[PDB]
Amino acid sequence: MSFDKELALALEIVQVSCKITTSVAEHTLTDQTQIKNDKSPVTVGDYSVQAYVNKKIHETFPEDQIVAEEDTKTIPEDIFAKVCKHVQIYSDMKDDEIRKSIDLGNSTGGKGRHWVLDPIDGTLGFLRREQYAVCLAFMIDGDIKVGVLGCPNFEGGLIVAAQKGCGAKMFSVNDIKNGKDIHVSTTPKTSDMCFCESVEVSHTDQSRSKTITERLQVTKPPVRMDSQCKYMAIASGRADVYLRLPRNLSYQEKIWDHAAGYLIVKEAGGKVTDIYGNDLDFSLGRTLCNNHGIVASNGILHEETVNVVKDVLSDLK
C-alpha cells in the first residue's frame, strides 16, 4: 500500500526528461518535427523522452508494463538520428536499443501494474514555446498510485508530484530533493474564479465555455494554455477551475493526458470528474471510454460548475 520507490524513480526520470526537452528546444524546431497521419505533431523531444523513460522503467521494474503515446512505426531517419544524440547524453544505448525502448510503450492498460507516459503532453505548446509537460503516472488495475508533471516553461521550471494518500509537492526542475507542500485554492465564489482551458480552438469548446463562465458570473478572462500544466495550475492554487469541453460524445480522452494531473489535483485537495460529474475511470484501457471531457477544480466550486456545464452541453451526440 506504499509506492515510495515508484514515486522516487518517477521524479528522477521526469527531471532528466525536462533536461532533454529543454535541450531540444535550444535549436530550430521545424527540422525536429514530424506530422503524424492524424496531422498531430511529434518532435525529437517526444521520442527522446520516451526512449529514456521507458528504458529507465524497464531497468528498475522489468516486470511492469508501459502505456506510452509514441511508437517508431512512421519515424523519419533524420528525426531518429537526432533522437539518438539526445538520448545518449543520458543513456548508453545503441540506435536499435533506442528503437526498442520507444516501442515498449504498447501496453493496453487495465489489470496489473502499468506506467502511463506522455513524453510531451502539449506538443503544440512545445512548438509554441509556451506550456508543455512531461507526464508520468503509475497505476495498478486502473487506480492511480503516483503522478508526476514536469513543466519546464512554467514559472521558471516546475515539477509537481504526488502519490495516493500522501499529498502533493512542488519542486523546481533543478532540485527534486527539496519540495514544498501545495494545496488547491480556497476561492468559494464562482465570480472570483480564475478559469483555464486549452489554447487550441479544436481541443475544447471555447464558445460553450464562455457561456458557462458567463452564467457562473466569472469576471476574469480565461487563462489559455497547452497541456497537463493546467492540472498543475489547479493543484498549486494558480487557477480555480479547468474545463475541457468536447463537441461530441465520440471522442475519448487518452489516459496519458489525465492520469498524473488527476491524482495530483486530488492529493492537493481538489476534485476531478468529467462534464457530467462522474469520476474518471482509468481501468478501461488506453482511453477514458466511460467519460466525456474534464472538469477539474479546487473542490469547493466543483458541483456549482458541473451543473452549468451539463446544462449547456445537454445537446451532445
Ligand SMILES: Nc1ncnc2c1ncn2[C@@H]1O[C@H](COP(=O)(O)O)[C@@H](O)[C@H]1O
The other form holds:
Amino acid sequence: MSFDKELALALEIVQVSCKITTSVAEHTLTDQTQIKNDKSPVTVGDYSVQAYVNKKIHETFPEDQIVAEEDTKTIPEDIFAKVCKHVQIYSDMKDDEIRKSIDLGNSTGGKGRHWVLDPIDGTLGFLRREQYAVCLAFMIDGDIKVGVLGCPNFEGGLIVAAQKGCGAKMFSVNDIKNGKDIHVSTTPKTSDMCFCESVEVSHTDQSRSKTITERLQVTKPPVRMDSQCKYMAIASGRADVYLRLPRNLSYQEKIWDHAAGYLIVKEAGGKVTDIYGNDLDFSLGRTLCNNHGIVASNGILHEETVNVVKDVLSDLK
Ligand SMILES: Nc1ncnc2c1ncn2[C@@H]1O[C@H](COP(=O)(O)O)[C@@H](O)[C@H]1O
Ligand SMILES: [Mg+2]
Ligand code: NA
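What's the form solved in complex with ligand AMP like, now that we've got the form solved without ligand AMP?
Okay, now the whole complex, with that chain kicking things off.
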C-alpha cells in the first residue's frame, strides 16, 4: 500500500532532469526556443526532459501510461537536433526512440496507473532564468501517490518529494539520498501572510488578488513567481498562501500543473482546494475539469481566504 519504488524512480529521474535543464541553460536561449501554435513557448529542455523521463518510466513500468505536456506533432528540425544531442548524454537512444518516447505522453488519465509529467513547469520562468520545475507525479484512479518537484533555481537548487501518508521532504539537486522534513508555516493571522502568485498576467488575476488580500488586511506585497515552485514554497513554509485566480469558468487547469505540488503541500500539513473551497479532482482526465482555480495554504488560513475569494469572484462566466 506504499509506493517506495515509484518514488525512488521519480527522485532518480527528476534529479537527472535537473542536470539536463541546467546544462541546456548554459547556452543562449533563443535558438533553443519554439513558439507553440497556441503562443506558449517550449524549449530544447522540455523535449529533452520528457524524452528521458518517458523512456525511464516505460522501461521500469512497461504497463503504466503517461500523461505529459509535449508531443512531436510540430517540432522544428533544428530544435529536435539539439534535443537528440542533449539526450544522448544521458541515454543511448537514436532519433527514433526519442520521438517515440516523447509521444508516450498521450494518456487521458482516469482509471488505473498513470504518471503525470511536466518536463519544464513554467517554461517562461526558465527563459527568465528564474523559477521553474521538473514536475513528476504518479497516481491511481486519480489519487496522487507520489509527487516530485525539482527546482534548480530556488534557493540554491532543491528537490521536494512526497508519497501519500509518508510525509514531505527536501533534497539538494546534488544529493537525493539525504533529505529533511518539511512542514508548512504556523502563521495564524492573514495580516502577517506572505502570499504568492504567477508572474504572468494571463495566468492569474493580479488585480483581484490585490482586492482579496487588501480585504484580508495583508501587509506584505505578493511574491510573484513562475511554476509549481509556488507549491514548494507553501510546503516548506516560505510562503503562506498561494492563489491562482481565473477570469472565466471555462479555463480548465492541466493536471501536470498541479498534481505533484498538491500532494506535497498536503503531506507537509497544508491544504489545497479550488477557489470555491472544493477539493481537486484528478480523476476526470488531463485537466481538472470540475475545478475552478487554486487556493493553496498552510491550512490554518484556508477557509478565511476562500470566503473572500468566493466573493471577489462570484461574477465569473
Ligand atoms: N489562462 C490560464 N490560466 C491559468 N493557467 C494557465 C493559463 N494558460 C496557461 N496556463 C498554465 O500556467 C502554467 C504556468 O503557470 P505559472 O508558471 O504559474 O505562470 C503553464 O503550464 C500553463 O499551462
Ligand atoms: Mg511546461
Ligand atoms: Na506547465
